[PDB]
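In structure tokens, the next block holds one chain alone, the form deposited in one PDB entry.
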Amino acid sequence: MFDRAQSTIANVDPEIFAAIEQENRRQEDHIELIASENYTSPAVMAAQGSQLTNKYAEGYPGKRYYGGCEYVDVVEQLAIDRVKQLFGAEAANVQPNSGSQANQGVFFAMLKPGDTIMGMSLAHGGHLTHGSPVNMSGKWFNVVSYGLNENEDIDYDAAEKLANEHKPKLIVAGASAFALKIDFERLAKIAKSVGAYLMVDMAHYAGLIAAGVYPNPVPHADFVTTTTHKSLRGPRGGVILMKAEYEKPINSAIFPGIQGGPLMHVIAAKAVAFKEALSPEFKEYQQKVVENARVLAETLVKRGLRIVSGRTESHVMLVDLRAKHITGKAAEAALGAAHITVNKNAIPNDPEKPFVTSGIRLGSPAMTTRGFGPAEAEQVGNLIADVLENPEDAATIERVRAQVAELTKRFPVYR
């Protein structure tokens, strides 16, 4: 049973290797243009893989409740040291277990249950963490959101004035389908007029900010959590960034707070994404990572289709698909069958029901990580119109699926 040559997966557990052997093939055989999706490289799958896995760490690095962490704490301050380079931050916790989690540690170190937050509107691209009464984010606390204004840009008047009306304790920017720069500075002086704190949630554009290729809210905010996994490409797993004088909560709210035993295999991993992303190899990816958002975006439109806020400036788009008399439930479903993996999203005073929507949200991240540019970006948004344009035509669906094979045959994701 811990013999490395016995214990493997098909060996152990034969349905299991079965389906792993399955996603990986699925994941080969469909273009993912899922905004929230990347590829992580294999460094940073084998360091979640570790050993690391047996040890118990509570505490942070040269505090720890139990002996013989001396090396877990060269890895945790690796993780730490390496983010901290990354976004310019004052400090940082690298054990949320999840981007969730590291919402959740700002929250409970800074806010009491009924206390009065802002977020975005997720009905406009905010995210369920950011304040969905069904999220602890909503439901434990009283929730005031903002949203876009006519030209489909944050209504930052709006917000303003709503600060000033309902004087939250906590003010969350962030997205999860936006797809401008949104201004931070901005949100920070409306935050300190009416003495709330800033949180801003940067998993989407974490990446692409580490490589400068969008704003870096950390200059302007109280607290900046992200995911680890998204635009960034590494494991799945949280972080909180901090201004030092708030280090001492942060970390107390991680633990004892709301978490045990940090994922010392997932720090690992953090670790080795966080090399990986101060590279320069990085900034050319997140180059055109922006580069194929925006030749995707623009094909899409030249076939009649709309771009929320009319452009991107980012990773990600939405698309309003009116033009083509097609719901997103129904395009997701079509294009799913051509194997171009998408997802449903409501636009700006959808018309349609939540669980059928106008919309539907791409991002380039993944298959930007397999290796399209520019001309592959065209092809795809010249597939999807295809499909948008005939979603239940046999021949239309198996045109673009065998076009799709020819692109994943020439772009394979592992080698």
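Numbering follows the first chain given and starts at 1. In this text, the rigid core denotes the largest set of C-alpha atoms whose superposition between the two forms falls within 1.5 Å. Compared with the form deposited in another entry:
- With the core fitted between the two forms, just one of 77, 98, 259, 341 shows a Cα displacement of at least 2 Å, namely 259.
- The two forms, fitted on the rigid core, differ between the two forms by 2 Å or more at the CA of residue 177.
- Core-superposed comparison between the two forms: the Cα of residue 280 travels less than 2 Å.
- With the core held fixed, residue 327 shows a CA shift below 2 Å between the two forms.
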The other form holds:
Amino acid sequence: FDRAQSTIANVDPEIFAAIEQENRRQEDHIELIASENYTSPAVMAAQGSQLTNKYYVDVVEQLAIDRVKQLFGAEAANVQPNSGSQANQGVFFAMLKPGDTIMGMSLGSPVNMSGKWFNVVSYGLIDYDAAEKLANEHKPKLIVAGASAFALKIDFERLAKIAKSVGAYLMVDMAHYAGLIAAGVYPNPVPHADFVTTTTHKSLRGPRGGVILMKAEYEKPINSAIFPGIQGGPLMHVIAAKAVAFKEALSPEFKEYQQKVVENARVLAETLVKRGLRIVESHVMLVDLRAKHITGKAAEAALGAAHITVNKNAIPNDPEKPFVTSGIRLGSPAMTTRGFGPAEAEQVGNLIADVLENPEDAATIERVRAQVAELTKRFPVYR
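So that was the form deposited in one PDB entry. Now I'd like the form deposited in another entry, please.
The following holds one chain only.
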């Protein structure tokens, strides 16, 4: 908060100004990028604590491990990774040898994989027969699925059977869905997978970081490779922040929040459809913009000028170049965190359509900016 940040103001005016600019950006924009969120003051205070000075499991780390195990029903957990990528790579580093074969189920999908360090084979997404055939041909040591497995409603039990039949581990990256899974909205892969990775930010609404969940059989292999003797001191301040976020996620309020996220996304989608858009039980949607004769890139820019943040995104059979696109992808987690409910979701849908219908018209952009300002003033992120 104000007093704490004031400690930066006179020692480093440039960094103070950058922080203040970002605070303003977060307050003044309606953030609809589906991976984005606003973590709590408690989370931030934990990672702003004196735990940064700290270098036989620390109480803070045991709390984080115990809570994340509880949240997902996992047999074991490692909370040391500093990112989703570090979590995913950490599984490969721990469990595999150079040149081992990894089979990804993809739509960097489903995770980024190094062709220098591994033999990476991809199954394009479902056809369980074709996946099993490919697995038998390539004999992967590990099969990995990600966001697309959730979006496409993959049967994780069935996938686990396929992995086991060819002698492969099954890994699932649930980062894009972790908060919803914790709330029971989406199926939990943990009972079925050997490894489940996630970010601690995004729909889990925690600090930036990662976690590896694993069956107890793989606790030692994971922890014998992912520990301070090899990767150096973990960030115990960030681990404390993870613990705080996991306690929040265990609460009934968090379940209600995720239900509100789903409902707000439904209302937003329904409003866009009423306003003539096409939508290609979720927190995220892909909007086909072609009926409004605007590209994804132009829509992203125009919405941005109106203080509404989205990402351009290719649609299926997109007629535009991949750096142009015919779509935008947008989600409800962040607007829900700052207090928007169904009425506000519908307002946002209408503001979006207003911009798309006249994207470079100055008066339209000004009116929408003013309506956005009413919303952001009434629903501040941080008080």
